[PDB]
Structures are given as structure tokens and as C-alpha cells.
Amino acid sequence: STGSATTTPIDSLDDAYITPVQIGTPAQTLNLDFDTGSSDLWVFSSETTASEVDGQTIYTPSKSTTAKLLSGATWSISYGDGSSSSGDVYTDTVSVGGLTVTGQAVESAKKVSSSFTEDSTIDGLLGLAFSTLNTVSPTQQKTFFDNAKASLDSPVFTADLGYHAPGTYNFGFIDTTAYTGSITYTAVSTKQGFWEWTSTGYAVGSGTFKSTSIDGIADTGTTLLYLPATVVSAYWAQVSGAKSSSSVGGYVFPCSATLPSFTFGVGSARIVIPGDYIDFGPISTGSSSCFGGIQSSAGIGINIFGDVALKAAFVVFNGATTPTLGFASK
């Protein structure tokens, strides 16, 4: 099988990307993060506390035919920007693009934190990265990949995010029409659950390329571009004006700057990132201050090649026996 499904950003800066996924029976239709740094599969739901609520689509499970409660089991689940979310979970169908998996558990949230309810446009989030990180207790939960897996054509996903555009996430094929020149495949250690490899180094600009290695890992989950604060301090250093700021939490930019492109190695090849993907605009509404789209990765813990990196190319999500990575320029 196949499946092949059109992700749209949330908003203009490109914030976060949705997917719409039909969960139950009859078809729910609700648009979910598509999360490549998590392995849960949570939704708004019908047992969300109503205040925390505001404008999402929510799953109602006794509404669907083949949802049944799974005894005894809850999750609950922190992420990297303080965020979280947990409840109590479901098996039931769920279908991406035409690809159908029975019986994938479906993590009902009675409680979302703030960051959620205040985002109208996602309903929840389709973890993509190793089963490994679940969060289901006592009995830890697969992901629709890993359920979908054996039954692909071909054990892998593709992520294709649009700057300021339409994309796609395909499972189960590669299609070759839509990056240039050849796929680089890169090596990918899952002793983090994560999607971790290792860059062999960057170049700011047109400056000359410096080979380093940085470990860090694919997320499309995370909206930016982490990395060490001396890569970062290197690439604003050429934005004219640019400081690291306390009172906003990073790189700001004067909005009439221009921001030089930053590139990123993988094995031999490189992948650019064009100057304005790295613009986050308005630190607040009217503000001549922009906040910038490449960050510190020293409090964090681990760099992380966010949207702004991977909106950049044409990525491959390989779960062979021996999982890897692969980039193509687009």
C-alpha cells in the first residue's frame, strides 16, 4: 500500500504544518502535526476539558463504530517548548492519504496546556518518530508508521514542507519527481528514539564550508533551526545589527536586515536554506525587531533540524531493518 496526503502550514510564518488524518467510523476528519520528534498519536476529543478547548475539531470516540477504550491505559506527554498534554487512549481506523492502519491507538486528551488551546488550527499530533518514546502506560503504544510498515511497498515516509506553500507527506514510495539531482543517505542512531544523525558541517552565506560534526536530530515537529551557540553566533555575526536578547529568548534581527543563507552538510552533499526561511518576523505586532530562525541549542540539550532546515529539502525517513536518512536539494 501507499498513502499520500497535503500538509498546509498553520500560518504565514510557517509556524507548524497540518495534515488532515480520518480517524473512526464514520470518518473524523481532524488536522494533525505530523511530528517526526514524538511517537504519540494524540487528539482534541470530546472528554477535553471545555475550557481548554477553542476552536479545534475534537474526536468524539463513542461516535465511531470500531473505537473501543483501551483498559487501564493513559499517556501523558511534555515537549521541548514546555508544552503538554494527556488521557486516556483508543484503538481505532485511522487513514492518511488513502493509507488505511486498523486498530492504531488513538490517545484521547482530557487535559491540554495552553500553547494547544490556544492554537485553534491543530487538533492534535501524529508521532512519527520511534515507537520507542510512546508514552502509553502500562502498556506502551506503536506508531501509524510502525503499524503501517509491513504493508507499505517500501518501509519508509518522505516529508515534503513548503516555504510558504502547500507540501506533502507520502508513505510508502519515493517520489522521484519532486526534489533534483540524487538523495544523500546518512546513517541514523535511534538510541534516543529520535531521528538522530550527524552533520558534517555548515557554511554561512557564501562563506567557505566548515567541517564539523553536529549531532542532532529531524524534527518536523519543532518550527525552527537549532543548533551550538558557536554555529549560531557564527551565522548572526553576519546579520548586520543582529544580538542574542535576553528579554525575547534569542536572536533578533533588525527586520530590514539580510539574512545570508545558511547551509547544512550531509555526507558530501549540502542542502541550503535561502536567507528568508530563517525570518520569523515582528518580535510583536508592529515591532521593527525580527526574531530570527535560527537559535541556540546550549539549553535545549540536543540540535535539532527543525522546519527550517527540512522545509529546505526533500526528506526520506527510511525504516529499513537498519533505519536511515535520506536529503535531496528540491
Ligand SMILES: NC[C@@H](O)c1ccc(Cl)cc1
Second form
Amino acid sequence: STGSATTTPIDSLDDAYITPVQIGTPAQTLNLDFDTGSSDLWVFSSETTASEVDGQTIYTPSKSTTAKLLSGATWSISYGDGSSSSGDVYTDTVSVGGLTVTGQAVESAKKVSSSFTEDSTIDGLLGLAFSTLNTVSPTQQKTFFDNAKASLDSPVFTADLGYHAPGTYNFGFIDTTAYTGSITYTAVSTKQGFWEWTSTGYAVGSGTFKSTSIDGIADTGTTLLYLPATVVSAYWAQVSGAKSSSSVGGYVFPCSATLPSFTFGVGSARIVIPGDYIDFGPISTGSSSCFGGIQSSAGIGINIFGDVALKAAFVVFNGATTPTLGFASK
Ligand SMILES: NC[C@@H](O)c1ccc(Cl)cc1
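Okay, that's the form deposited without the ligand, but what's the structure of the form deposited with the ligand bound?
Below, the chain from earlier opens the complete complex, with every other chain and molecule after it.
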């Protein structure tokens, strides 16, 4: 089997991407944030505290003939940005872009933190990291990808995120028309539960490439590119007027600036992030100070190849027995 679904930026900055997901019988379609940095599939629901729901589409398991309460199971998750959610668990039929999983754990939110409430466009998350990170207790549950894997033509999914445009998540096949050149594959460590890999270095604009190992995770659920302070300093030093602002919480730059590109290494191959991708616009409405898309990872404990980096590439998440990551230009 295969599946193919369009993923769409939630706003004009590409802060996140939503992908339609069918849950239950008859189908209830929710727009979920596909997150390769977590492993829970959770949704706003009929059980979510009413004061904490504001515009989202909710899953109502009582209206699904295939929904079954997973007796005694609860979940609770906190994300890197400080947001959180928790609730109980059903199993139900879940389809993504024509690919169907029966008996998928669908985690129903009883509580969500303010940032989820405030974002009307995201109805939940669909986690695509390794199932070892799943938070369901007392019996840990498998991701959608893990459940689908054996049925897929090939045990892979791919992320093809757009810049200020729709993109695609495919399951079970590699679309050879979606990228240019060849895909370069690189080794993955699963020891922390993430798609963790090692970039071979970087360049700033037309600068010379610096060979240096950068350990990081491929995370579709993180907006920006978070890299070591040395690297980030070297990038923003090439932008006149750029500075790290403790009050704003990172690097800002004059909105009148032209940003250089940023290249990262995948083995001997190179992915170029155009400078426009690194512009996240005014720090506040009407400001002439703009927020940078490349930020320091200091105090995270790991580097994060988030959407800024990933949307510059066609990315293969290979879930074979020995997982690997593939990157191609597009
Ligand atoms: N995208 C999931 C989010 O909780 C996350 C996961 C891992 C890191 Cl290092 C940062 C943020």
C-alpha cells in the first residue's frame, strides 16, 4: 500500500504545516501537524475542556462506529516549546492520503495548553518519531507509521515541505519526480527516539564550506533551524545590523536586509537554504526588526533541523530495520 497527502502552511510564515487526516467511521477529517520529533497522535475532541477549545475541529469518538476506548490508558506530553496536552485513548481507523490503519491509538485531549487553544488551525498532532517516545501509559502505543509499515510497498515516508506553498507527505514510496539530482542517505541513531543524524558541515552564502560534524534531529514539528552558537554567529555576522536580542529571545535583523543562503552538508552532498527561507518577518506587527530563521541550539542539548532546513529538501524517512535519512535538492 501507499498514501499521499498534501500538507499546507498554517500561516504566511510557514510556522507549521497541517495535513488532513481521516479518523473514524464515518470519517471525521481533522487537520493535524505531522511531527517527526514526537510519537503521539492526539486530537482535540468532544472530551477537551470546553474553555480550551476555540475554532478547532474536534474528534467525537461516540459518533464513530469503529472507535473503542483503550481501557485504562492515559497520555500526557510536553513539547520543546513549552506546550502540553493530555487525556485518554481510543483505538480507531485512521487514514492518511488513502493509506488506512485499523486499530490506531487516537489520543483524545482532555486538556491542552494555551498555545494549542490559541491556534485555531491545528486540530492535533500526528507523531512520526520512533514509537519508543510514545507517552501512552501503562501500555505504550505505536505511531501511525509503525502500524502502517508492514503493509507499505516500502517502509518509508517522505516529507516535501513547501516554502510559502503546499507540499506533500508520501507513505510507502519515493516519488522520483519530486526532487532533482540524487538522494544522499545518511546514518540515523534511534537511541533517543528521534531521527537523529550528523550533518557534515555548513557554508554561509557564497562562503567556503566548513567541514564539521553537527549532530541533530530532523523535526518537521519545529519551525526553525537550531544550530550551535558558533555556526549561528558566523551566519548572522554576514547580515548588517543583525544581533542577538535577549528581550526578543534570539537573533533579529533589520527587515531591510538581504539574507544570505545557508548550506548544510549531507555526506558529500549539499542542501542550500535560500536566504528568503530564513526571514520570519517582523517581531511584532509593524516593526522594522525581523526574526531570524536560524537560531542557537545552546541550552536545548541538541541541534534541530526544523522546517527552515527541511523545506529546502526532499527528505526520506527510511524506517527499514536499520533506519536512515535521505536528502535531495528540489
Ligand atoms: N517537535 C517535537 C518537540 O517536542 C521537540 C522535540 C525535540 C526537540 Cl530537541 C525539540 C522539540
